[PDB]
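Complex shown without one protein chain; remaining protein chains in place.
Letters A and B name the chains as they come in the text, with residue numbers starting at 1 for each one.
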Amino acid sequence: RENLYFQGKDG
Amino acid sequence: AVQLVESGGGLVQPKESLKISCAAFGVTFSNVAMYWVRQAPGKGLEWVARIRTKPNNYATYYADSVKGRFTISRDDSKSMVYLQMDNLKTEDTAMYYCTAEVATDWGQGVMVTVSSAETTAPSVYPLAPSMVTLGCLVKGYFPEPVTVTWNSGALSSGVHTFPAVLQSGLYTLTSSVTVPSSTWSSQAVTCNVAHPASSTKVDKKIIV
Partner (left out) sequence: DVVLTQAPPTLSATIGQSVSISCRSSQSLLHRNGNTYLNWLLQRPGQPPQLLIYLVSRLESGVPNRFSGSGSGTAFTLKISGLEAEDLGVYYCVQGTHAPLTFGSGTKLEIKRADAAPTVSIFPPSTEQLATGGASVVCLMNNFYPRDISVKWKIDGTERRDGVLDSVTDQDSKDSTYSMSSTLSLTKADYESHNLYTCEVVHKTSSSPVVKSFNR
């Protein structure tokens, strides 16, 4: 689930 | 391995300031919005402050209750998030947690206690009387928490640490451990009581 941080999430 | 580690926090008087921080390790947090979240003792979790990423101009947002008193910031070069808390009020008393908008990874949290009462270190007394039950009475401290272990954590099963009760502005708790009576015969049995706010850590050997 490191790909969540690669892909990002902001709004 | 992804990890968040909080630091700062402690006891402070109403109207004073505190700065807490959150260090991220193991993967970049640059592409995620970051949050401080709090939990008042015995209550649930609620967001406190929010900071966006570089493409969104690091925009910041605050829960209504802290607007104009708390400031969130991030330093992406250092993988750091911060909360500056000014003009602190008793109802800001909580564990504070740092997390990303994906809400998958969580720090250990830091306690922020806001009170006009000053710190008092606990008095630690032995409780001495097949399986034998031994204990420690941890009396007259402020604020919460204390940590109690038995033989520095070597005795971990059959341990009961009872929730503290507040009485005339001071807390009292007990912890007990149940061991085979041969253990108490040969080995030492010692409780270790740490109280962060008074910078004390005390041992009490349980003497027959």
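Criterion: a contact is a pair of C-beta atoms (placed from the backbone, for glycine too) under 8 Å apart; a residue touches a chain by one contact, two chains touch by 3 or more.
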{"item": "Given B:12, B:23 or B:45, the one touching the chain that is not displayed", "value": "B:45"}
{"item": "Option touching the unshown chain, where B:164, B:191 or B:197 are the choices", "value": "B:164"}
{"item": "Sole residue of B:28, B:87, B:123 or B:181 that reaches the chain not shown, by the stated touch rule", "value": "B:123"}
{"item": "Listed residues B:94, B:114, B:137 or B:191, member touching the removed chain", "value": "B:137"}
{"item": "Contact residue for the chain not shown (choose from B:29, B:35 or B:150)", "value": "B:35"}
{"item": "Missing-chain contacts mapped onto subunit A", "value": "1, 7, 9-11"}
{"item": "Contacts of subunit B with the absent chain, listed as residue ranges", "value": "33, 35, 37, 44-47, 50, 61, 63, 95, 97, 99-109, 123, 125-129, 133, 135, 137, 139, 145, 157, 160-165, 167, 172-174, 176, 178"}
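What we mean here is this: only the chains that are shown with their structure count from here on.
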{"item": "Euclidean distance of C-alpha centroids - subunit A vs subunit B, Å", "value": "29"}
{"item": "Subunit B to subunit A touching residues, read off their complex", "value": "2, 27-33, 52-53, 55-56, 100-102, 104"}
{"item": "For the subunit A and subunit B complex, residues of the former touching the latter", "value": "1-2, 4-11"}
